[PDB]
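Novice: Listed below are the residues making up each chain.
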Amino acid sequence: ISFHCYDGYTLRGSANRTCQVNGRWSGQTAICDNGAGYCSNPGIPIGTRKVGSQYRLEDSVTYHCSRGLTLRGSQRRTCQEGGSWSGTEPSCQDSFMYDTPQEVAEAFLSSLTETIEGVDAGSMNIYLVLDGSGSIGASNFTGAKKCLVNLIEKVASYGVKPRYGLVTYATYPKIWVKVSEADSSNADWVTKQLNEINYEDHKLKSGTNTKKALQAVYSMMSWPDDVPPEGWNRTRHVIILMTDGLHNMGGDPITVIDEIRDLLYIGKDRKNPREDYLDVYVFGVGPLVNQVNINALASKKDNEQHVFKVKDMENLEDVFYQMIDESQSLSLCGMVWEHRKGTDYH
Amino acid sequence: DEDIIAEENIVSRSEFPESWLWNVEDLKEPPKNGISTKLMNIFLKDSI
Amino acid sequence: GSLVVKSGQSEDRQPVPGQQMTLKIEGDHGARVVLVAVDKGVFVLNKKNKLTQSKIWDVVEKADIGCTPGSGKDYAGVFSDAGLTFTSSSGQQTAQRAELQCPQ
Amino acid sequence: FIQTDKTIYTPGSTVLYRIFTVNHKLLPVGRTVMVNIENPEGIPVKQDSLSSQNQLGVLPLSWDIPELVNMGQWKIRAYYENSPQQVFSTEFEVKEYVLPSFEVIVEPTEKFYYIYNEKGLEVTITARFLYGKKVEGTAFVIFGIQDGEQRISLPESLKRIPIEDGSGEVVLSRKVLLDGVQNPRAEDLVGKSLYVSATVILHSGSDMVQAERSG
Amino acid sequence: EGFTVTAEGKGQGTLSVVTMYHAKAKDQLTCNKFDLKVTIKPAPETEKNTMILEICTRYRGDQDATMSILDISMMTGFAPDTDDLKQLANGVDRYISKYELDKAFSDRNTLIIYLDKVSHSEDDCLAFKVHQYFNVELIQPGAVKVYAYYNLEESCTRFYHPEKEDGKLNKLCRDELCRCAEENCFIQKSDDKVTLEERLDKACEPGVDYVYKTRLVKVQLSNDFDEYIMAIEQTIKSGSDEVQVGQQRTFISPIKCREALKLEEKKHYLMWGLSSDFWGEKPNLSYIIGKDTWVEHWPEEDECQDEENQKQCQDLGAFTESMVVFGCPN
Ligand SMILES: *[C@@H]1O[C@H](CO)[C@@H](O[C@@H]2O[C@H](CO)[C@@H](O[C@@H]3O[C@H](CO)[C@@H](O)[C@H](O[C@H]4O[C@H](CO)[C@@H](O)[C@H](O)[C@@H]4O)[C@@H]3O)[C@H](O)[C@H]2NC(C)=O)[C@H](O)[C@H]1NC(C)=O
Ligand SMILES: *[C@@H]1O[C@H](CO)[C@@H](O[C@@H]2O[C@H](CO)[C@@H](O[C@@H]3O[C@H](CO)[C@@H](O)[C@H](O)[C@@H]3O)[C@H](O)[C@H]2NC(C)=O)[C@H](O)[C@H]1NC(C)=O
Ligand SMILES: [Mg+2]
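Residue numbers (full-length UniProt numbering), protein chains in the order written: chain A, 127 to 247, 267 to 491; chain B, 752 to 799; chain C, 561 to 664; chain D, 131 to 345; chain E, 1328 to 1374, 1381 to 1663.
Looking at chain A on its own, in the form it has when it is part of the complex:
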């Protein structure tokens, strides 16, 4: 299908789009815009419905998918100061759309390198949560162990050595590597811990208590009356977790996520949102996947994807060896990070 606007309108995005084998349309979303708003037209992704024709400042739009379709992304977007909509562009997913192995690692590295080159100065924490529920299998855990080994060497290939945190959970959380250790920034020592873990105790306690795991991640980053720390307004936090979305114990895990953003001073201001200091990536392991629960946990940053759905596990191991063959052109241009020495030429 092709798109063509009326007179006096500019077409941005792909004018010619094609339905592919993965049930998705090719190219970018076609948008007819007149250029009369402070923000641009957020447009209508194919399958959605937009409520809100005003595109002025402080305005909002809400999106809804069709019958039997699951929304991925932000249901509500708000025009911010500077001409940039909050959240991310939605996309209607189905019960069978999944993601190709190339599209997973292509978008994941383009998000991750943005919150790495601002750390460039030792000032970045990465949290690793793995689901050991009985709905995944004993044969599907050791294939996920070998996947996580390839992740650490790609991060250390940029010259940045962050602090890692390893927690595997099921009914209870088990902390293997804490971020408050003297050896957590040594990237080779954490890789030695990843082979020494054993999942025989998590198989006995078969369950999916997501909320009690995230309460252990909250206890690692919180400070017990330490009184503002030196990296409170300068530390990037990256949370990576795999799950199936089928949690039945502990309760709604979203209530722990809102406690984390309040502790990091995110959203508690109108002039400084601080959205670049918390990124959350959720990966879907099996066909048994609730796409609603995995979308509400992941972050929603602009022009970027954080929700992924793949099947058979081994293809997710195929995206981790492919991402180390992919070289990212690091750009030191246009980088201004907020250091508290605000004299000019900074």
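The hints are all genuine.
Here are the computed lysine-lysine pairs in the DSSO-like style, where the Cα-Cα straight-line distance is at most 30 angstroms: (1) C/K600 to D/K263; (2) E/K1522 to E/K1599; (3) E/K1600 to E/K1535; (4) D/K263 to C/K610; (5) D/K205 to C/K622; (6) E/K1501 to E/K1381; (7) C/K610 to D/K205; (8) C/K607 to D/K322; (9) D/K289 to E/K1419; (10) E/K1368 to E/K1450; (11) E/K1615 to E/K1599; (12) D/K155 to D/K205; (13) A/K319 to E/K1535; (14) A/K356 to A/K290; (15) E/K1419 to E/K1478; (16) D/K176 to C/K608; (17) A/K319 to A/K337; (18) E/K1526 to E/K1599; (19) D/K249 to E/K1450; (20) E/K1535 to A/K456; (21) A/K176 to D/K176; (22) A/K323 to E/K1570; (23) A/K357 to E/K1570; (24) E/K1360 to D/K289; (25) D/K155 to C/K584; (26) B/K796 to A/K176.
Which stretches of chain E does chain D cover? Using the computed rule of at least three CB atoms under 8 angstroms from a CB of chain D, they are: (27) 1396–1402; (28) 1479–1491.
Simulated from the structure, these hints should not be mistaken for laboratory data.
Heads up, the beta-carbon is just placed ideally off N, CA and C, and yes, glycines get one too.
Given the structure of chain A, go ahead and fit chains B, C, D and E with the ligands onto it with the hints provided.
Specialist: Just chains B, C, D and E with the ligands, lined up with the frame of chain A:
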């Protein structure tokens, strides 16, 4: 029931605008008898 | 010139919602044709402010520089009432005109 | 000359408008044109300064309507940059409405009314759908007199006729008309006009349309 | 927000600050030119149900109203008696069109009765019988709409239904926000038992948030929502609410679901529900008994000594220890 078209199979009419076809056309066809004829293929809206 | 719009499809029956049709645009060569398609349920509420060809010629006819539809009181009054100036080498002229519009 | 796409708009929609720039020979030309959009109070809201050069004398433009806005008769004014004293205008209405499904044409049998016609004034009520089909239902027709802009209604002339096969007939009698002005002389009604209003309601009760023929 | 305006330069200007908002006043805009009272009553016994619909209307103003239009819609499965419409159409100051008289009992679910007038001092009442030509298990309420010919916007619409009070649908509303309550009252009647094979698998679905065992303290009927105060005895599955032994929680059911519950004070019950059934702000919290809430009666300690409840009390006791000690597998 079992007879009739299934309700889920029916795709509903949705496009009911009040005005459309706001386009520019240039009569670049060869002029016979001082008259240029452009044939346009347009898609009609769902309004009755 | 001329501009006619008719059905490019050979009549057929009354078309169905969603059906494609062919529109015949018949006009002058090298002309930019602009289009609009309006629901006829709009003209029930308001039939004022339609752009027609007869309303265009009404504006052109009310901007002419001639006032009286025929003749005048003298020879110079014929020209000023029809919208012309005359001047000659023998002294015969028309009256001055300092108003852009007609009298009364 | 200013073209609009519709004559009435709702809040929240967008108004599309073209401007055709010609000279004194009705041939296209390229000038600088100032464009204004005025509220019902007569205050310009948005101003622009466009040029019709390299555009073949057609200037496509647009304007969005806010959700909270003043209703009434809006105005669009435009003029050449070298002749600001000669302004050209076209109006459009802003109202909260929905579209009807049928029109009502109120046409009397003659385009006037004679005083000494004892038959009265006969008015034909035509009601058909947008797609050409005819309308079954009931109508409500009332006459009235107008002197200048002060309108005087005539409640004695209320009739309720059924509309069969998209047609209906209603007559205002002369004795009802002479009893409304309280005038013993019939020659003083020369100069005044008459206006008829009709309201047709369907048999399902789902829609109704008010129409009026005045002057 | 309070803001500052800095104005510099040469000349005069005019600043205007207007705020548009929705004002909460009286909600009295419906029935502003009319008053409409519609009631549906059953017919007496002669010798296929028949009921009597009574409609009364009155104009608000200093004079009697002009010609007005009544838009009567029927309940689904009900049609007017053809003899009673002929009585009112030949009556004085009334007219029903001949297109509506000879429709017979085929399709006459909408009806327009044209009134020549309606008074402003006394109510002008009419009544006619309706026969039930098609018995359906669920009946949609009909509506009566009153308006004059010259202004459709100044109308008023009342509903009628023989069970629900004046045709209103069941909704749950607290602090302006309303949720739909025209669904089922519990999940299912069940009685299939099967113990953990049909009870653990429902409780370990990913939608189930909380599993509690409570005790009813006080039943408080209060207008829109019914309050059931449940003191929490033990926490079987700890949901998203941190609650200890002895604390109380408030439960909400609509009016039409009060009969299907049959909850009695000083009794113990077992209840589970979804995490979308939460409707409480601050540390106060209100639970919703919707169509995705399981309700089962827990008999007390001496009540399990019956041989009829012996099969059921061994089902409930083993359900607790499989969730307390082991939790939900997978
Ligand atoms: C990390 O968190 C801490 C705690 O919130 C934060 O401290 C803040 O530092 C800024 C400076 O970087 C302070 O801002 C100024 O503070 C002085 C007093 O120390 C005030 O007088 C200032 O007001 C004037 O100056 C402004 C321009 O400098 C003018 O715009 C203004 O109108 C006044 O003339 C100014 O507020 C701030 O007060 C503290 N806050 C607290 C609670 O201590 C620190 O900056 C954070 N780090 C980073 C990198 O953001
Ligand atoms: C998007 O794809 C479309 C096709 O799907 C591209 O349209 C192509 O446009 C050219 C104009 O340069 C067309 O050429 C002309 O076609 C008309 C047909 O009536 C003919 O009369 C003219 O003499 C001229 O040859 C071409 O036909 C058309 N392609 C097809 C398949 O019809 C369009 O350019 C693409 N746009 C972008 C941005 O990719
Ligand atoms: Mg599980």
